[PDB]
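Asker: In case you want the letters, here they are:
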Amino acid sequence: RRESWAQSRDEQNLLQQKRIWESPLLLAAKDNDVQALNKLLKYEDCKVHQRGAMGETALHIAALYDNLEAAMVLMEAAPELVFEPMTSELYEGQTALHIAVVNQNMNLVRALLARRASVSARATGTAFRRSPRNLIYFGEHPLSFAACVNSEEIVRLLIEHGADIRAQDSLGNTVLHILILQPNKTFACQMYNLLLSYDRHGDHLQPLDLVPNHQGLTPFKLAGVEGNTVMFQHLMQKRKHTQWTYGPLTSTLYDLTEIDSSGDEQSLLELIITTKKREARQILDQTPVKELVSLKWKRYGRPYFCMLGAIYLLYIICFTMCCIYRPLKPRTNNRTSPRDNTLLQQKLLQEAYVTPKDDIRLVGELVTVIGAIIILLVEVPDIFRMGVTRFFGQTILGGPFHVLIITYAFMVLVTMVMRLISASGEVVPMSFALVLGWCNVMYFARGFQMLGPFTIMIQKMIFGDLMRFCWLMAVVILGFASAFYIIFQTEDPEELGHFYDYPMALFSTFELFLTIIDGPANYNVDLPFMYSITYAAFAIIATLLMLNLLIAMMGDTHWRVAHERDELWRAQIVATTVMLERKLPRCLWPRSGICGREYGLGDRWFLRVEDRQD
Amino acid sequence: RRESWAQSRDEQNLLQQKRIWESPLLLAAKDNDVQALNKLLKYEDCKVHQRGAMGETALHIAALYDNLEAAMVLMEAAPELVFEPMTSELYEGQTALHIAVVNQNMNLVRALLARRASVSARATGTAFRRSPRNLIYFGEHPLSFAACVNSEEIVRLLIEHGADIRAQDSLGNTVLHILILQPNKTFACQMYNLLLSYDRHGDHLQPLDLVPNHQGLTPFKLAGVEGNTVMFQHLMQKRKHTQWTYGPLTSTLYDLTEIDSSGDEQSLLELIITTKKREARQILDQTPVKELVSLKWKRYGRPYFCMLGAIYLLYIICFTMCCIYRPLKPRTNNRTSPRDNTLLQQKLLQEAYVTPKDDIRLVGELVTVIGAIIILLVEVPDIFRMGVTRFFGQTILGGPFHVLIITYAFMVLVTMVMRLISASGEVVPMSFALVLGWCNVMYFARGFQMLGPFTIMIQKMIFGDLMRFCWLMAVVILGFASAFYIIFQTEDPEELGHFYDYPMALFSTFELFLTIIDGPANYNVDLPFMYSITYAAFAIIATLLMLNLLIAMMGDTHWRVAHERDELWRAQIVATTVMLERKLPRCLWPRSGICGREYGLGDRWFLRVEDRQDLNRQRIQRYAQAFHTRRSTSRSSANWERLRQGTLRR
Amino acid sequence: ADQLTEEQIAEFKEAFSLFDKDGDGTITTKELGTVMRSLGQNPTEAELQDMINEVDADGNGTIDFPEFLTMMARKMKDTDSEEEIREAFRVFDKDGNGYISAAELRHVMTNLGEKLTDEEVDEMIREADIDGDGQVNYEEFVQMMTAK
Ligand SMILES: CC(C)CCC[C@@H](C)[C@H]1CC[C@H]2[C@@H]3CC=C4C[C@@H](OC(=O)CCC(=O)O)CC[C@]4(C)[C@H]3CC[C@]12C
Ligand SMILES: CC(C)CCC[C@@H](C)[C@H]1CC[C@H]2[C@@H]3CC=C4C[C@@H](OC(=O)CCC(=O)O)CC[C@]4(C)[C@H]3CC[C@]12C
Ligand SMILES: CC(C)CCC[C@@H](C)[C@H]1CC[C@H]2[C@@H]3CC=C4C[C@@H](OC(=O)CCC(=O)O)CC[C@]4(C)[C@H]3CC[C@]12C
Ligand SMILES: CC(C)CCC[C@@H](C)[C@H]1CC[C@H]2[C@@H]3CC=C4C[C@@H](OC(=O)CCC(=O)O)CC[C@]4(C)[C@H]3CC[C@]12C
Ligand SMILES: CC(C)CCC[C@@H](C)[C@H]1CC[C@H]2[C@@H]3CC=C4C[C@@H](O)CC[C@]4(C)[C@H]3CC[C@]12C
Ligand SMILES: CC(C)CCC[C@@H](C)[C@H]1CC[C@H]2[C@@H]3CC=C4C[C@@H](O)CC[C@]4(C)[C@H]3CC[C@]12C
Ligand SMILES: CC(C)CCC[C@@H](C)[C@H]1CC[C@H]2[C@@H]3CC=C4C[C@@H](O)CC[C@]4(C)[C@H]3CC[C@]12C
Ligand SMILES: [Ca+2]
Ligand SMILES: [Ca+2]
Ligand SMILES: [Ca+2]
Ligand SMILES: [Ca+2]
Ligand SMILES: [Ca+2]
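First to last, the sequence lines map onto chains D, C and E. When we follow PDB author numbering, the leftmost residue of the first sequence carries the number 25, and every step to the right adds one. Here the second sequence stands for residues 25 to 654, 686 to 705, numbered as in PDB author numbering. When we follow PDB author numbering, the leftmost residue of the third sequence carries the number 1, and every step to the right adds one.
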């Protein structure tokens with residue numbers, strides 16, 4: 025697992041410093057050395073196309089290593105170096121105007137545009153694409169370089185020389201898309217005003233803040249996915265509208281034309297719940313969003329989710345009582361496989377659908393089999409199209425309730441098949457189907473505020489505080505159950521039969537680890553001497569040490585992530601409201617907001633709110 | 025035997041004071057008394073070489089009590105007064121020039137150098153040697169004193185009057201070693217730069233910041249072992265070789281000629297891990313060393329630590345199934361020991377490998393004996409070399425997993441003996457060798473970040489809040505176990521047999537402490553009346569009081585040491601990578617970094633780190649304008696005032 | 001500069017660090033102009049010569065750290081504090097560098113009980129930090145212990 029990309033850059037970054045030292049003009053270009061430049065440029069053995077490691081020339085070195093006096097000599101002598109991009113794979117197409125802008129100013133940006141630089145170039149090299157492999161994502165264009173380093177004097181200077189205000193990039197990110205996802209959120213706001221102000225064209229055509237990138241996201245909705253909260257409240261200053269101000273009581277109208285899911289497009293409430301960044305979910309507590317989440321949920325989100333929880337609750341009772349009242353006949357075979365080790369006295373029947381009690385039960389299987397098909401035709405065609413167990417298998421990655429309800433309906437049909445062709449033991453699909461089928465009532469405990477943030481803590485305590493504990497449980501019990509087995513092996517099994525064979529020894533020792541049996545103690549016969557020593561050490565790495573450490577570890581974590589488990593619950597209301605918005609039919613479901621036609625604002629929906637500010 | 029030392033130093037300091045008052049010139053020297061020194065020194069019987077309780081003359085008392093006016097009188101009258109070091113087993117060597125230096129300011133130090141002073145005077149006594157002893161370690165030579173008292177005017181005044189900037193100590197420490205282990209780190213940096221300025225490129229073969237002490241240890245490696253984070257960041261600025269600055273993106277080039285694990289020279293990562301002084305582990309979070317260990321772990325450190333975590337795990341299963349399928353033979357005589365005290369019905373075979381199933385085990389048993397010797401040939405040469413148990417006070421006390429894996433390979437070669445000489449008690453060494461064998465799987469849980477800081481916490485409970493509990497458990501279960509025994513000594517042990525033997529009565533009372541059995545109850549025979557009282561007290565102060573307090577101890581500790589364990593885990597990645605780099609050959613482990621032959625930088629290995637630095641215009645505005653010449688807050692601010700009166704009232 | 005404590009020297013040394021972009025202790029006239037351009041304002045290449053030759057007492061054109069340190073005594077900030085606060089900072093500051101850390105405030109809160117989570121400790125610094133580094137100065141600590 026060697027990072028060969030890390031070596032391949034480091035083998036080249038040292039190679040560039042080599043090529044400058046073994047070259048007379050490049051070393052003179054690293055420093056100023058204007059006495060050394062004028063000597064070499066006179067003799068006609070210059071080789072001004074001396075091409076370095078990262079495809080650089082004497083003009084790229086004079087601009088990267090800042091030397092204004094060297095670059096004046098190079099442009100005056102050979103002015104054809106201005107029209108020269110680099111050719112190496114990391115820095116493709118990066119001109120001399122690109123480098124002199126990232127050094128935040130020069131007089132060279134006056135001087136390069138004097139001798140006809142390219143204001144519209146393409147820095148399409150692999151060290152400029154956004155990745156966890158490049159420290160910067162400045163874009164590709166020179167006005168995208170100057171806007172990200174917060175240089176107003178250069179941004180005003182490139183439009184005057186013919187910058188393109190709306191030039192997209194390889195990912196389709198325009199200049200307004202890039203400023204949002206820069207790490208300095210405050211100074212991005214100051215450039216965001218200056219960039220939009222210099223458009224003012226009648227050639228709008230989804231003008232400058234309504235132009236999407238290649239994945240479809242607008243500038244406003246890109247702040248939704250990424251998580252730039254400081255950019256988000258600045259974007260809402262153009263959507264809102266003040267209505268009246270009566271004392272300390274103002275009323276505004278927000279514009280729900282890019283937040284609310286109409287019926288077809290992927291809106292901002294949908295894009296937050298699909299992404300996985302933790303900085304993306306402070307947008308659920310902003311001033312147009314925390315009402316629209318609540319007003320869908322109080323009005324038409326909670327009662328539809330309690331009726332959909334009460335149908336599933338009466339569904340699983342009709343699955344329980346067809347497992348309580350199974351067709352089950354007495355045993356036909358003679359026992360004869362030692363009664364010293366046998367208890368079985370019933371057998372499965374083949375055709376018991378004759379009594380009127382079974383005809384009432386035959387309704388009960390027909391309810392729970394049809395219900396198992398309706399599950400597999402509303403959720404399994406989701407993982408068909410969206411992603412092969414990974415993209416909509418983010419629920420196979422987090423929030424595991426999708427996997428359980430499939431596994432329930434997968435094993436009602438195995439219970440159907442083993443009934444039809446009359447196979448061997450039917451208890452095996454049923455025993456999963458009950459414990460799977462009832463533990464999805466815990467899905468319907470996210471609407472109730474009492475039970476909401478507690479179902480979070482059964483998830484975050486089973487994927488990292490009980491899961492890391494069981495790797496050092498199976499280390500311990502494999503040590504002791506193999507130790508307790510070989511002690512009680514040259515010994516009588518009918519009395520103290522905790523360890524008579526090795527699969528049982530793994531299950532007696534697992535029970536002593538948790539104190540869910542008593543302990544092997546059989547006074548009136550004498551146990552061997554080595555047992556009381558090795559059980560005393562298994563009385564300590566045990567109940568005493570590694571069961572009270574798990575109380576402290578679950579007790580430590582339960583107040584560390586307590587701010588998070590609340591705001592992880594409020595994102596399980598948005599995850600459910602929008603889910604019922606697209607799976608239920610449109611007919612019940614009024615659209616959230618006040619239309620702007622009958623009063624006259626347009627066709628856009630709206631939502632008003634009142635507040636005191638004193 | 026050792027506390028007479030603290031007395032005998034305090035005997036001398038009072039005996040020094042008594043010799044002052046019973047002397048005419050010394051009492052005159054303790055105060056100014058400039059009328060009295062001219063009165064006394066015109067006499068004849070006045071011993072100006074008067075030795076006090078340590079060797080003090082009149083000029084030392086004039087200097088230690090900083091009487092410069094009394095000092096001028098004595099230098100005129102006594103010629104050999106800049107000379108004469110002290111004699112006693114305390115302060116030796118120390119002349120009047122040292123004392124004028126240590127007081128951070130004197131005009132005497134300009135005066136004594138005029139009067140032919142003595143700057144080679146090794147102040148070597150029992151009061152100038154670093155130890156859990158004397159509160160100061162300033163050095164030996166007068167330049168070493170003037171350096172570590174923050175005296176910028178005196179060090180310039182010493183080198184002009186013929187000093188020595190290079191001369192070592194008894195410990196072998198130079199001047200620049202002494203500056204590192206002072207407790208005032210940021211004033212040591214300014215004196216560090218000054219003492220190199222007067223080196224003036226000596227031809228002395230690695231000039232003075234490469235010279236080792238008697239241990240053999242450069243000044244750069246002395247900031248690392250001791251724990252100087254301030255000095256280590258300062259000493260690194262000579263190493264970096266910064267390449268280019270593409271706007272807000274730099275690319276430095278560090279020098280791994282002393283940091284990275286070199287050959288047989290003990291590198292800097294091998295000296296931090298084998299050292300105490302917890303501040304030394306702060307160096308492992310520094311800008312060349314954090315990026316070095318992470319690039320030695322992701323690449324070559326983790327995939328080799330899993331291929332040893334899987335060979336060992338297939339070794340224990342090969343050893344487990346040779347214990348499960350061990351030879352047993354049925355009981356011979358016929359239950360000769362009497363009934364109700366004998367239930368064993370097998371015994372162990374003398375020598376019987378004659379079946380095809382045993383030759384499969386004979387393959388498996390030879391694997392775990394060959395593997396047992398290999399364990400004792402890679403770690404026992406450290407207990408062959410560094411002592412058996414008396415000279416070996418290092419690795420027993422340092423690493424817990426060293427002991428468990430030597431014990432494992434000892435128990436296998438006990439079973440190798442007992443299988444060949446045909447003994448009886450083989451169920452005992454295989455009882456150790458399995459629990460010891462499977463609990464070294466806990467060793468291979470430090471590379472996995474999930475399981476890493478959990479095994480850190482377990483060894484801080486065993487040697488912590490469980491042996492703080494096991495002493496006040498053994499008090500209780502020796503009291504009550506002797507109480508439950510004597511009550512049921514006069515009873516019938518056939519419906520309640522938990523207490524019929526005092527080894528047994530220790531065993532049932534220990535289980536009732538942990539509630540890992542039920543409890544003595546019959547419900548058919550009326551029990552002794554004293555049992556219902558003394559078990560009711562034992563039910564409260566075991567199950568309700570002392571066990572729920574042990575949850576409160578492990579729950580208080582776990583949120584207190586909760587960022588130390590993430591410091592202890594990342595220091596065991598370094599302890600693993602250094603060990604894996606040594607014992608594995610060089611053919612599998614490439615040396616980390618980029619060489620300097622083909623890139624033309626020398627023979628030294630480099631490491632390139634690039635970092636998008638920063639902004640904060642507001643900071644650099646404050647300094648360039650000097651250059652320019654002609686709600687959660689309510690929760691947080693509440694936490695500041697709870698610190699505020701919490702600090703100003705203490 | 002005859003009165004400078006360990007705190008302001010540890011602040012000025014880090015202030016010398018980000019201002020110097022070649023790793024040594026020499027401020028060139030060029031690398032002073034690198035920072036000045038990043039302030040938006042432009043140099044004139046004689047203003048750079050003006051500010052260097054103002055205080056270059058040895059006469060090399062490269063501002064060493066002692067000549068940098070006595071320069072900040074000329075352009076001094078102030079000296080007004082309390083003797084108990086300066087001692088209280090050196091108790092908190094473990095590794096003697098004139099800065100408190102995120103792990104150096106979780107230590108102080110743990111000794112006072114107080115049961116702090118990792119989130120509020122980073123929220124304490126955002127009200128303490130002035131210049132915006134996530135690292136409390138001495139002047140940022142004096143400003144909080146008596147003022148707000
Ligand atoms: C024969 C008759 C009685 C059938 C009755 C219908 C119900 C038994 C089933 C049929 C389809 C089921 C629904 C299918 C899809 C889902 C989505 C499912 O979501 C997940 O699995 C997790 C996704 C997430 O993480 O949000 C939650 C249960 C629910 C509402 C199910 C609730 C129970 C329903 C209505
Ligand atoms: C016969 C066949 C199966 C080959 C058997 C060889 C391996 C199964 C054994 C023999 C040598 C063992 C290694 C010998 C030395 C060490 C170092 C040892 O390190 C410590 O205990 C350090 C503890 C600390 O630093 O605190 C941990 C076990 C380990 C990796 C051992 C792992 C298992 C190994 C590779
Ligand atoms: C040092 C570690 C393991 C913890 C120390 C805790 C002690 C308070 C515990 C653990 C070890 C225990 C001892 C381990 C060995 C024995 C011998 C054993 O006595 C028998 O031989 C019982 C007879 C039988 O088992 O049939 C049980 C009691 C006793 C003294 C135990 C009493 C309680 C002890 C001292
Ligand atoms: C602050 C106070 C109230 C502490 C609470 C403790 C009580 C709830 C417990 C502690 C001691 C217990 C007593 C311990 C001893 C006995 C004697 C016991 O024996 C008999 O009297 C029966 C005689 C026989 O067994 O033959 C009956 C229960 C009793 C009163 C127990 C009843 C419950 C008591 C009072
Ligand atoms: C093996 C058979 C017999 C029993 C099945 C039990 C296992 C597979 C099931 C039953 C109970 C289930 C858990 C119950 C509820 C939750 C809370 C939720 O927020 C995350 C998933 C989680 C943690 C489930 C994970 C899967 C689970 C552990
Ligand atoms: C007496 C025989 C029969 C069995 C006794 C086993 C005892 C002595 C052994 C086996 C398991 C061992 C523990 C297993 C795990 C750890 C965690 C490690 O980080 C420190 C050592 C420590 C705490 C071990 C200490 C010693 C230990 C308790
Ligand atoms: C009734 C007989 C048989 C047993 C009753 C035990 C009672 C009376 C005795 C035995 C153990 C004793 C306790 C043991 C330990 C402590 C802690 C110590 O810091 C103060 C005394 C105190 C709190 C004791 C109080 C009295 C006590 C509870
Ligand atoms: Ca019980
Ligand atoms: Ca410079
Ligand atoms: Ca200078
Ligand atoms: Ca600090
Ligand atoms: Ca700060």
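Careful: at least some of the hints might be erroneous.
Unchecked claim - Here are the simulated BS3-like cross-link-like pairs (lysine-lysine), alpha carbons at most 27 Å apart as the crow flies:
(1) D:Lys63 x E:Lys13
(2) E:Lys148 x C:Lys301
(3) C:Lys262 x E:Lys94
(4) C:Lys300 x E:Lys30
(5) C:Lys264 x D:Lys42
(6) D:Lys300 x C:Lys301
(7) C:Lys371 x C:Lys353
(8) C:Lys314 x E:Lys13
(9) D:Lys300 x D:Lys353
Hints in this document: simulated from the structure, not taken from any laboratory.
Asker: Checked against the structure, which of the hints given earlier come out wrong?
Answerer: Violated: hints 1, 2, 4, 6, 9.
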